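Student: Each chain, written out:
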Amino acid sequence: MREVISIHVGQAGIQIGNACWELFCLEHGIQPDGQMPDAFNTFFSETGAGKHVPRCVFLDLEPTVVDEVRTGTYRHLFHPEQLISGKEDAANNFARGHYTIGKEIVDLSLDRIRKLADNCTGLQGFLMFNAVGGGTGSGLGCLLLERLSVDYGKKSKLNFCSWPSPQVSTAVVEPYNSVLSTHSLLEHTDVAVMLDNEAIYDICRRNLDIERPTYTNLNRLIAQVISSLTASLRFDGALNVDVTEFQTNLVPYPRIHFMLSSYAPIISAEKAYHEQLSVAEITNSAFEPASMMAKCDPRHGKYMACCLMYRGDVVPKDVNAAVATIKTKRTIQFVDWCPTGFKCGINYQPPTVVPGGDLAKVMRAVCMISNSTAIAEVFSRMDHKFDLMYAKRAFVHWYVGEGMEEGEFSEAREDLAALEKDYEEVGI
Amino acid sequence: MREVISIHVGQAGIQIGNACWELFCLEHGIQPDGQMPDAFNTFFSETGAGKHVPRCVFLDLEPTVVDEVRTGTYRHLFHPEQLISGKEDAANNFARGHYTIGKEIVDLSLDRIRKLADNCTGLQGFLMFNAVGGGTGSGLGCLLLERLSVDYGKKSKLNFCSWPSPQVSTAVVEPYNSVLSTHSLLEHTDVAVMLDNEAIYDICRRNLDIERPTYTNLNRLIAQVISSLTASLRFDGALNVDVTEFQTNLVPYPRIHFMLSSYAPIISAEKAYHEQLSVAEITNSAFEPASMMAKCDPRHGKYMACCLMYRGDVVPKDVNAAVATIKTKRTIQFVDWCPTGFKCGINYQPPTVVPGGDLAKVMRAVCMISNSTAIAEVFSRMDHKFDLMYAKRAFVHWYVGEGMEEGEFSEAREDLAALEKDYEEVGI
Amino acid sequence: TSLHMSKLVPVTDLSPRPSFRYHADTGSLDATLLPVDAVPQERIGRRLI
Amino acid sequence: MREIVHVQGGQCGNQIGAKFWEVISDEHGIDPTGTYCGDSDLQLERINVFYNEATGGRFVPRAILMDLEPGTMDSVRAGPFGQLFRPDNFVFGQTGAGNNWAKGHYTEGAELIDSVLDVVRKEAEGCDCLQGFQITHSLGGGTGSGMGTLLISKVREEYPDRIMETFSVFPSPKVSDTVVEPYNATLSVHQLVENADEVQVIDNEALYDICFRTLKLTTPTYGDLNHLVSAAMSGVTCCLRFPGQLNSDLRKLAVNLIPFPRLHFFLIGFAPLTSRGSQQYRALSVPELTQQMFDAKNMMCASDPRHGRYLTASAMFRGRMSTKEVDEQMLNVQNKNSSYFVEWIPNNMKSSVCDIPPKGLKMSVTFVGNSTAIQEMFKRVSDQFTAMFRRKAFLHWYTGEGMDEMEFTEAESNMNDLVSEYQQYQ
Amino acid sequence: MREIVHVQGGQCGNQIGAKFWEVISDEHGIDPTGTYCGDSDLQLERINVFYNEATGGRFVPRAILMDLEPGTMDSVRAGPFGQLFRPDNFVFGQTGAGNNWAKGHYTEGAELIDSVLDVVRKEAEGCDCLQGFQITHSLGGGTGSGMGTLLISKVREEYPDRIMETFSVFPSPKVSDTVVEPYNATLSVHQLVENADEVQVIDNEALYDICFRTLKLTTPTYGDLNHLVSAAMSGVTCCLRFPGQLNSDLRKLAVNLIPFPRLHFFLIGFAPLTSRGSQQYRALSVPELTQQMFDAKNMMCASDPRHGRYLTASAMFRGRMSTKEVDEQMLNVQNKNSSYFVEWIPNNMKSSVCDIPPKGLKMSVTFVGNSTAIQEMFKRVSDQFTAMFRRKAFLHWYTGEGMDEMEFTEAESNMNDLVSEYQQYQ
Ligand SMILES: Nc1nc2c(ncn2[C@@H]2O[C@H](COP(=O)(O)OP(=O)(O)OP(=O)(O)O)[C@@H](O)[C@H]2O)c(=O)[nH]1
Ligand SMILES: Nc1nc2c(ncn2[C@@H]2O[C@H](COP(=O)(O)OP(=O)(O)OP(=O)(O)O)[C@@H](O)[C@H]2O)c(=O)[nH]1
Ligand SMILES: Nc1nc2c(ncn2[C@@H]2O[C@H](COP(=O)(O)OP(=O)(O)O)[C@@H](O)[C@H]2O)c(=O)[nH]1
Ligand SMILES: Nc1nc2c(ncn2[C@@H]2O[C@H](COP(=O)(O)OP(=O)(O)O)[C@@H](O)[C@H]2O)c(=O)[nH]1
Ligand SMILES: [Mg+2]
Ligand SMILES: [Mg+2]
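If you're matching them up, the sequences are chains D0, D4, P, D3 and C9 in order.
Residue numbers 1 to 37, 47 to 437, in PDB author numbering, belong to the letters of the first sequence in order.
Residue numbers 1 to 37, 47 to 437, in PDB author numbering, belong to the letters of the second sequence in order.
Just add 486 to wherever you are in the third sequence, counting from 1, and you've got PDB author numbering.
Note that PDB author numbering gives residue 406 to position 406 of the fourth sequence, counting from 1, and the numbers run on in steps of one.
Note that PDB author numbering gives residue 20 to position 20 of the fifth sequence, counting from 1, and the numbers run on in steps of one.
Bound conformation, chain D0 alone:
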């Protein structure tokens, strides 16, 4: 029947999918061998007498992580040809990942997603987990959108991008990779959201009250927000909307497809004790400006469209009551040309808890994707960082001698700048 295929470009993308697929194994109750002891059909195919295999492909150029997935405990969960690894790193180069050491691995990964797509009809789209500052996540990410858009021209794409964060960057040439990635990201993806790293870091610092987590603690949060987004595709709910409705309800112009995200609650074992997590409570907390997942304050911006996914024992009245109190609140500002800016889908099956992780067993939860005019300052600082770096050829000589001519840098400048003028003209 219906299925959706995930693609994982970059080390960050594969580690996001690593917490994703162990979470889906808990959700559908399958062991890491794939064999159970028909709601799983949108993520898992069939194999033999009871095995299931994910419709995922783990695409890097570095073998130190892809072969480490093969060697680890989740070996036979994945079909071994779905994990495609290269030879050598792009090494924070958009030039290497897109031109030189990409041509021998895009054609191989295209064959694997070809054989993964024709197995059944009823596909909704693709879910590409990738980072932005990395050379592989921007380089192979650009070429994969370029090839998938020209032949699958009517199918949706879900570019979950780990955008660079404001205070910390843990990279040097990553403003170069970010502007070059959006040069081709605008015309090739259908839905994209920004998941900045220190916005998530702040979330797990004052909701979990843990001050030195690791990468796996954030990837559990991204796994939880993908699982809460696609729970409508899997479990039956009173009001169910899925990937087709996202492509037509949250992106009112063809070129604005950048959204935020949040979750509520993100509570530990001790913090589940001392409050009941009412629907109105987990909507106010999700709408808190400090609760966003992109360091993207909506206090000095106007919301454009909003979407919330209620999961668990939610009742259809207080979804309307929490939305009503949000309308009455003056701190949250909407846009003039959208009087009815609220969409939601309610589901019955509550989010599972990983035993030994950091979440707590909650009766209900809220996923969030919200388009707003507040990403203008998110990309305007990528403009400012790129200005003083591209003054007098910082690290440009190894992008220009190794695959592209000088001028693609300038073309990426007005492509991101026209996105700023697009964000300005919508609000006014």
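The hints are simulated quantities; they were obtained by calculation from the structure and are not laboratory data.
Among these hints, one or two may not hold up.
What the hints assert, rightly or not - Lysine-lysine pairs mimicking DSS-like chemistry, simulated, CA-CA at most 27 Å apart: (1) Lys-311 (chain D0) x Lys-124 (chain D4); (2) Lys-392 (chain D3) x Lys-164 (chain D4); (3) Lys-392 (chain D3) x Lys-430 (chain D4); (4) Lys-324 (chain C9) x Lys-122 (chain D3); (5) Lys-430 (chain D4) x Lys-280 (chain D0); (6) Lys-297 (chain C9) x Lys-493 (chain P).
Chains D4, P, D3 and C9 with the ligands: place on chain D0 using the hints.
Tutor: Leaving out everything else, chains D4, P, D3 and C9 with the ligands in the frame of chain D0:
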């Protein structure tokens, strides 16, 4: 439905509120871990599997008292973010708690107060407990009222000042701390009750015949006063007297909102065996000048309104007989524009005692809040002391060098001088 | 549905919630004849011998 | 037939009006679960006066219950004889009027008066042809004095022809809680005189007088006060519910007790009232029952009727009794106490016979007098109120709620001429 | 005989038929296993109206449950009583039109429309002469508002002379889901106004408003809102299958409620709708139920009728009644509330008493009122459309798949002339 939010600033507020919620848990049958083995809604919030969580913000700039609560038996009762603290104390300065160091804490105090007050509509008001003679009880004690007045305007604001003694000080800058905060609570507090420390010291020495009570024993009598004051909200009675009835029947003008307190009977097991607690004699002991809880002598002051909180098996015809006996008594005196000067209320639940405390079991009690013109002397002993600091610059550099300018000493002094003139012209 | 099959009325037994401790309904000491409703009371006197 | 829509306002009117329903269920043979018991024809042949059938053979009261805080109507509803009312007839307030007339009238009471007017129009228009309204409220509180008399002003204007009787309890002079007593009293009365055509006053300190001196109750609770006024309101409406030799509804009392539309305030007394120690000692005869009735010690309002002058009085007799003894004892008290009766109206007194006595009693009378002696208590709360306004008493919480100062002086100006009007008929 | 062919479009349509078929099957005494029980002639006397014999003694509904996502009728089939329908009448979409009017109506739904057209004329032509088609859907989503009115559009041409009965669930004012509400609502209503003979307007929070305020429901789900409208379908077609003192059918409503063909949008009330605290306290008679009918609090359209004049009104009375009081009880509501009715139609009325009530009840009513109160709903979906449309909102999908800018402009012209006509008749 209805609820009242407790506020506790300063370590005096923390440990007074520790005795208050020890009385509230014991009254409603609530274990310190939360589970009771619907009148509790006034103070506790129902959540989860039948457990209850107090609605009391705990503010103190030094964690030397609040993490003692976090390591004491009442740590799974409160939410961890219900108890909030900074790093460094105010060290007996109004200017510290209002101009320099109170910012990083007050921005999250209002963040918690917004999600504690949105729980149920019909909220009655706030019950702040402060130490006016201290540093953060005056400083952050002031600063929190401009935030509550500008945000939650029309709602009632109760304040319980730990009034400094005329001769007992335990600080030498407490005339600076008290003047700069009484100037601001004059127009930012709806109902204010003075609670002098020596006035509770001599009332345990006399009415309990206990010769070594301490801070915690003082907090037990204060807790008994506030529990009886809110006993109408939490229990049924013949004449219900809720929080709005305190305003409309005691405070006659927006400036004259300072009121005395008294509680009788407060009797140990040595004397409760021998005395019968008739309504006539518990209100003679409530009205006697030695039983005032402010060291504010009312023979030379003129009463104008007295609230009487009868708490127990009290028939109202004994109340109407007893207040008539108070009228015929000539040792007290009432002002010419109040032939009617009583607001009596009857509550049917008797006040419980803690097992191992210094109050014996009691069948009926009276909690009196009285407005009189005797308060001029407890502000004129203020006037003479603060003048002789101000003569030759005592401790001024610990304020002017830390945020404020020299001149607010004069502005706060002349405002309290206008309070003296206001009290003088009303009494004639 | 929480309503009935053909009756348009709720069918969910009862889900109530009282407010207070809720006793002492002021048991009136006057019956319909209003005498005093006498019980044996205190006499207030000296030693009757 | 002829129906009385009963109305309760304030926490007083909820708890003395609830007492009215089981003292009227007891005479009508009503089980507290609503069924009938007692197999008597004349109990139920006038049952539409206060009850409506509910397509199951049960009777629901025509009662509308108001309070701005849900605590006391929870006490009425879940108590005995209190589940009889329909839950929709209860209307809940949330914020509550804090013993102040301003919030009960203008700000908070306006948003609650629209639901009350819907349900009282639901009850009145549903039946064929109404007879009048009964209004049980208080003048010491805020919701019973502000929102209750705002109801009185609105129900005057859709239904101007019918009779609008009130049983109102006024602030007590000697004992006094709720320190804004003269404000809630005066602000009620100044427009209560024009929108109500019949008002009957009960004083709580007179209720303490009747329970201490005649009943000799050792520890009288509020239930004795609620029940004694319940016998008063039952005896007035006796002829509407049970037949009598001399028929008189309370419209007939309204014509026959006020000569001018401005004065409509009445005294209430009830007889007989004896202790258990005097229960089977006193004789129950018409001469004894009327001499006990004309007593300030028997009065339920704290104005001494000997100090003034009875303009017109009436006595609703109850019980099978000889009838010229009704007449000749009224001429006996008129010709003996000639100075306490006004001279320019011959035979100031009215009687009617209600043939069915209250249960357990052979004879009983309620007494609705109209004496000028009540100017004692109107003037004494006017002297209290002018002691308030002369020095700006609690004024900001009576002027900040959308209303101004000039109707306070207006309230006094059209109240001291009520004392003056009674003075020039004294 | 006269037979109704039922079509359910969308997730709202399939759920609203997943409650209406239950309340009509137990009215006919039909088990979920299709076997009759109840030993009554009247239930089987007209069962061919909504059912077809299967040559096994078991009756199959003449419904067609249909939309573009398989999760909706799989949950119907798994749910109770959902087995009664044919998998042949079930038609499946797999890709789904997601909240999209244009690709529901033009590209995707037209692929499915040639096969669901096959199954609708098989239920139509299979009898000698049908009465009409009953189509229940909502105007908010994609498949139920876009292609839902496509089948409304096409059944007009092959079957012009037969009635077009439709229930439509209009968008909610203050809290609405499915962000493109007015683009689906206004672009559907023009095909819904020249291809449907009469349409009934049901609003979502007005169903909630009946739940919280008159039913006192602490926990209403979608099933509780669905019962309220399922009783509305059951009453409006009761007199077709069940006899009465005065007959009524769909054209009986049509010729008496539409004076002018462009306006056929109807308000619906249902009585009695009792809060179960007062269910045992409420009398059940015509002179108490008629003002529950004529009431804003019992309106499953969220328009206050007091902001307009009833153009025409009707009431499908049901139960063991008195067919004199069938009609002077609405004579009363006309000569008191004179301003709430139009002037140039004297005698605005139609009663239609049907003898057999719903089970247990002795009285019931569905109310059909053609009023200018729906002006507020049409204006509100108009300015919510035009505020979006002035800045090109959410439109590049609609234009890119078989529509253009021109079609939306007459969508607002025949939206705006509905308001302009209702002011002509105001
Ligand atoms: N949220 C999250 N972010 C990650 C994770 N791993 C790496 N990142 C982000 O990725 C950035 C580092 O670049 P990578 O994404 O690892 O680079 P890449 O996509 O692997 O491309 P190459 O390094 O050339 O192979 C850092 O700034 C991190 O913020 C992860 O596990 N979770
Ligand atoms: N009523 C009462 N007062 C107390 C108690 N403990 C301390 N105090 C008062 O607190 C006053 C001194 O205030 P501080 O020691 O400065 O405490 P503070 O108000 O929180 O100010 P900082 O310590 O600077 O934060 C003394 O005069 C005491 O009277 C108590 O348990 N009960
Ligand atoms: N007759 C009577 N008077 C009462 C009763 N309870 C209280 N009162 C009087 O009513 C006044 C209190 O007002 P209250 O009704 O409680 O305030 P409210 O609820 O805002 O209207 C006091 O002066 C009491 O003397 C009662 O049961 N019967
Ligand atoms: N009456 C009713 N309304 C519903 C139900 N489910 C959703 N709705 C309303 O209809 C809208 C969604 O319509 P939908 O069923 O998705 O339309 P569709 O996408 O065309 O099938 C929401 O805004 C809800 O307010 C239901 O079960 N019953
Ligand atoms: Mg890498
Ligand atoms: Mg301190």
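Student: The structure should be examined with respect to each hint, and the outcome stated for every one.
Tutor: Here's how the hints hold up against the structure:
1. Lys-311 (chain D0) x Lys-124 (chain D4): OK: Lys-311 (chain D0) and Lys-124 (chain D4) at ~23 Å, within 27 Å.
2. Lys-392 (chain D3) x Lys-164 (chain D4): Holds: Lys-392 (chain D3) and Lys-164 (chain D4) sit about 24 Å apart, inside 27 Å.
3. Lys-392 (chain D3) x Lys-430 (chain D4): holds (17 Å)
4. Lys-324 (chain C9) x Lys-122 (chain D3): holds (22 Å)
5. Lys-430 (chain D4) x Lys-280 (chain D0): Given that 27 Å is the threshold and the Cα spacing comes to 52 Å, the pair is violated.
6. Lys-297 (chain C9) x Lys-493 (chain P): This hinted pair holds, its Cα atoms lying about 19 Å apart.
In summary, the one numbered hint that this structure violates is 5.
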